[PDB]
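Residues per chain, in single letters:
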Amino acid sequence: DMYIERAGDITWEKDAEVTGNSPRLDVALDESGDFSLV
Amino acid sequence: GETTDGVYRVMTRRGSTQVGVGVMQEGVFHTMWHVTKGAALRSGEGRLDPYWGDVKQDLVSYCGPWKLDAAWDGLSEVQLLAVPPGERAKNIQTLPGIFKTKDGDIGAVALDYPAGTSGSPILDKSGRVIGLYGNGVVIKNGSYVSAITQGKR
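For the record, the sequence lines run as chains A and B.
Using the entry's author numbering, the first residue of the first sequence is number 50, and each one after it goes up by one.
Residue numbers for the second sequence, in the entry's author numbering: 16 to 29, 32 to 170.
Keep in mind the hints are simulated off the structure, nothing from the lab.
Even for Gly, the Cβ is constructed at its ideal location relative to N, Cα and C.
Every clue listed holds true.
Listed next, with one range per pair, are the computed distances between beta-carbon atoms:
hint	chain 1	residue 1	chain 2	residue 2	range
1	A	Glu66	B	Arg170	29 to 35 Å
2	B	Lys54	A	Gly57	22 to 28 Å
3	B	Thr18	A	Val87	40 to 46 Å
Only chain A is shown next, with the shape it has when bound in the complex:
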């Protein structure tokens, strides 16, 4: 069976690790909710 457990507050932290780039992609969204590169 599927159950849920609380994992914390919804909070912005100041001591946050910062990573990742900011790509701009041409994508398409089909009926099944799937994204695809255009």
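Please build the complex by placing chain B on the supplied structure of chain A, with the hints as guidance.
Using the frame of chain A, we list chain B on its own:
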């Protein structure tokens, strides 16, 4: 059962596995559709019955309508409140990329955490949830980029 606002792990029993993550806000549990696929959830003693869902948005809410309506401002950095399987909830800050669709631009974060992190909330500087993590594309080799998926109140 657990009414409290906050971020939640969604778990399954075969052993036990974390298949995704969700957000409880104003008595409604928000997660991504592909995580639960419309299956009812257990919250301790009580049960969360599906209320609304949409496969194209890849979203689903429980006990009530979709409550998250905040959106990315298209400029500021955001924070992925990733709740990885077996790991403490952690905030990862990033400057969102952009999904350019024929129906407009969607915020997208270039972070790649395990599948069980699907449904983890993406927050703005105010601490408001602007979307859920776990639906996007793949560029080059293993480079997953998730859209900032938000519903409508």
